[PDB]
Amino acid sequence: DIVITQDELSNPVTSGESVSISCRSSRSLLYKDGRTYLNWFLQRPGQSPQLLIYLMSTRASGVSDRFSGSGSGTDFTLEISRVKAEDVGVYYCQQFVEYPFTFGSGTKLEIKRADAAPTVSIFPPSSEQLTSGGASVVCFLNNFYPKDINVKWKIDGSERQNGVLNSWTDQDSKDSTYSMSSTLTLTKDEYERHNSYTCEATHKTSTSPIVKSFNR
Amino acid sequence: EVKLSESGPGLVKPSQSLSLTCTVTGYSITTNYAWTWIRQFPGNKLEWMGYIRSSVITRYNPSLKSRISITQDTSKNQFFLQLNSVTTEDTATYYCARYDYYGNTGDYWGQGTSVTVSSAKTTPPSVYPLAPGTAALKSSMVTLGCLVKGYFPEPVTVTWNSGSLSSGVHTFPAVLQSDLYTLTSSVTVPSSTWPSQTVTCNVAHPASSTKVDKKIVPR
Ligand SMILES: COC(=O)[C@H]1[C@@H](OP(=O)(O)c2ccccc2)C[C@@H]2CC[C@H]1N2C
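Residue numbers (our numbering), protein chains in the order written: chain L, 1 to 216; chain D, 1 to 219.
Just chain D, same shape as in the assembly:
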């Protein structure tokens, strides 16, 4: 069917320009739909930024003044967002979506991409294994985890066993301190499967192009 995906730098310096791309597959953007950009600030407030439609029609949120521009590339079936002179107020999660005349978007929204406006430098996380100290009542469940410490900016993508294990997983919201983020993730599995069956946490940090796979071993 129709699928939208946003992409672009997750860190932009203040005063500079933010640029994002929405790659559409399964439908031509030269159609009469509002290919729009929407953003969600920390706190969850949603804002309509604007759209491009039928290739030559654009509409923008008046509050953005003349710093926003939305354009497209038919040959690549992609549309873009350019937001100039950004400030920390522009830090948010950006989403692309297809709106029709009646306001219906169906499930045609992208997964969203985070953009942080800051002067701080990108810092990759250090990933540490969390394995139980001693032994407890087996024949039941066991909880393991991973500590993702000292990274910037958000976000980090945490999966267990390449994402083939998603049930019983708790990845907590990061905490900010000294311009660095720290987060943890827990995974609970049948005690009968650990340490016999390997359990590994995969941690990716898009902004720094790093990825760590940390196998949890008994101590």
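Just chain L, with the same shape it has in the complex:
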């Protein structure tokens, strides 16, 4: 089957600038009718794929004129003029000349916005979970940039590394920021054996970690 390869972007791009995304096919997509059957799709965070371009250079209905496509028979390029926060996600090209109609590996687009420190919030276990014998302490590190970040848990002033699970969101389509949740899970008895619970966020935006805590 036809194999379509795509290379990753080397860095996040600046809003307003022009960006080019490439796609390469192992076989020509030029059909006997002189048309080249290559589609470009954008899959925004948490959404279904949306067609941007078809027939290599034809814009789909309602697609912004900031998107244009060019290329030869095996090398294609999607050009995005004046890139916007809403353009983040993964771009995929697809061929429509031979079964199966394969998709490329996809290219992620990130926006490099101004540095932003995270808004940190910590939450004690709920009375409901406690009656269940469990105790989860949750910490949210919201709306920061860049994406690199480190969270440290402390219990009664002592560092903790066991029972912690983190999750990161993709880049926000509206404000180009990132968010993370850190959850420390312990048995009820363990939780009842300490008083101070602290979440410590270290970001590039500052020398000192942002600290949030509570006393049981």
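Since the hints were derived computationally from the structure, they do not count as laboratory data.
Worth double-checking, as some hints may not be accurate.
Claimed, not checked - Below, simulated SDA-like cross-link-like pairs (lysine to any residue); rule was C-alpha separation at most 20 Å, straight line:
id, chain 1, residue 1, chain 2, residue 2
1, L, 212, L, 116
2, L, 154, D, 132
3, D, 214, L, 131
4, L, 188, L, 170
5, L, 108, D, 40
6, D, 211, D, 123
7, D, 121, D, 214
8, L, 212, D, 211
9, L, 147, D, 10
10, L, 174, D, 166
11, D, 65, L, 100
12, L, 152, L, 119
As the list claims (entries may be wrong) - Facing chain L, according to a computed beta carbon distance under 7 Å, are these residues of chain D, among others:
id, residue
13, 41
14, 42
15, 46
16, 59
17, 102
18, 103
19, 109
20, 128
21, 136
22, 166
23, 170
24, 186
25, 193
In this text, a Cβ means the ideal position worked out from N, Cα and C, and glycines have one as well.
Given chain L's structure and the hints, the job is docking chain D with the ligand onto it.
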């Protein structure tokens, strides 16, 4: 206009058969369009599975061999996907879409439905409220949340105030552990509106037919 919607079991045991339905509204499927099924594996790789067109024309991905079948019911304006002898390799999000001769699908894609191939049993989540411990600088913003713990399979649908509040919401990707998923969702609102204005997280788990509404109250 045209709208497509997928539906079917989100959990299928290995070796058994997967079945999905795409209900089309606003356009007849007896038309000359490729009513197709596409799937996206964990990792985001996309794959064309095949299509049914003009009622009697079907085309399938050769790699699926003879285990895939695509059929339709004109009276209900629905087309179906049947994938036999599934393995964990078939775990993915399945989408239906309308493709025309020139490869154009417009915005005619369904929202997709997740199917997980596993021997594990369906387990409903327990939903816990996340309310601040003490008080902070008011007159600004306050963050609340909900912890959705111990469910299987994915996904869970989390909304705040019935979905009437969607701005400033962060629902994090679930983490898997011991065949169970756990996820959290945060919501940030003007401190002047909480706890005066109620804030509730709604958590639905389709696979287990459960739904929990948890109001966040001060502690
Ligand atoms: C392998 O065949 C192709 O690539 C064909 C076609 O696929 P199809 O005949 O299966 C079809 C799809 C959707 C709607 C009508 C017809 C798509 C375009 C047009 C001709 C040819 N391809 C370049």
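Quiz item: What hint numbers does the structure not satisfy?
Solution: Violated hints (numbers, rising): 4, 7, 8, 9, 13, 14, 21, 22 and 25; every other hint is consistent with the structure.
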